[PDB]
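One chain comes next, on its own, written as structure tokens: the form solved without this ligand.
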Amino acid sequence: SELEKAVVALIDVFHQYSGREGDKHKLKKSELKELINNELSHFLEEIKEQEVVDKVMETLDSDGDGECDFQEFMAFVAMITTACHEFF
């Protein structure tokens, strides 16, 4: 279904970015930045300042290890989806 296909797109997109550097199952700041700029260009403003990257990661990083793991990424998708929902 469309729902099942959206679930796999979430996993696919996370894995495309998390495996580029260092830990293959987590997003460090540079991976998280490219995911936003390449895949969220219609919803979010392009990130160019280091301070914005730093702030986004602080916001998402719940277990405070400095990286975004798959749960924290899902919390981010929820925030974006919810915001979109509410706009419309």
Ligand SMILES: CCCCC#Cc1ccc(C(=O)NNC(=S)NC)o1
The other form holds:
2 protein chains.
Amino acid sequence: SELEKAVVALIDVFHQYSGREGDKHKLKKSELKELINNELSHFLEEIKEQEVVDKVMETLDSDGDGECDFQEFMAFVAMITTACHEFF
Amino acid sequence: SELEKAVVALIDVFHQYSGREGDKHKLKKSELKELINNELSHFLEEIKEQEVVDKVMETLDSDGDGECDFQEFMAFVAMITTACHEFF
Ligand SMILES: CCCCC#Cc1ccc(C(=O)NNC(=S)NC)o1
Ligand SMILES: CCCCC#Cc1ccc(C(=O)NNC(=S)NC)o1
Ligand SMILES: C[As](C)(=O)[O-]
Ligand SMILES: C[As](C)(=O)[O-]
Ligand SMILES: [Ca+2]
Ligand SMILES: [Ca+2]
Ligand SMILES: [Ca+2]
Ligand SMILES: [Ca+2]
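Can you switch from the form solved without this ligand and show the form solved in complex with this ligand instead?
And the full complex, kicking off with our chain again.
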């Protein structure tokens, strides 16, 4: 179904980005930035400044380790979906 | 992108199911049951018993109003994705 498709897309995109460098299970700042810029260009403004990279991670980073893990990525997804859900 | 596709699929599926009866913004038990049975047949066992319908809603229903709203649907999605994410 389309829902099952969306579930595996969420898994797949996190993984193409998280596995690039360092911890293959977490998104560092440069990997988060590339995900947003390449994969969310219709929902979010392109990130061009280091201070925005820094602030975005600061916001997503619930447990405070400096990176975005899968659960944190999932909360980020829920935020965008809710924002899109109620624009309409 | 495939991620933006997944975001709009999440919105769309909740809405086709929630708007069927009563509150057009919330999933009652029969609407939740149909969503899981029709749209999650590869991830979850088909629900055939009222006690399972009752227990599933009890689990998803964080604020205690007897129905599943959008934020609660989003937490349910995060649970299935995490379960699927780490099966592999
Ligand atoms: C082509 C679709 C564009 C039409 C549209 C839209 C729209 C309104 C608000 C958002 C959005 O996702 N923002 N996310 C935020 S503010 N951060 C969590 O997206
Ligand atoms: C065709 C794919 C089947 C292969 C597979 C798989 C798989 C393992 C675990 C789950 C799952 O989503 N369970 N969700 C639960 S337990 N409730 C929150 O799915
Ligand atoms: C070694 As690689 C292509 O996952 O950065
Ligand atoms: C009136 As209807 C087709 O949204 O249940
Ligand atoms: Ca990484
Ligand atoms: Ca973190
Ligand atoms: Ca309803
Ligand atoms: Ca509820």
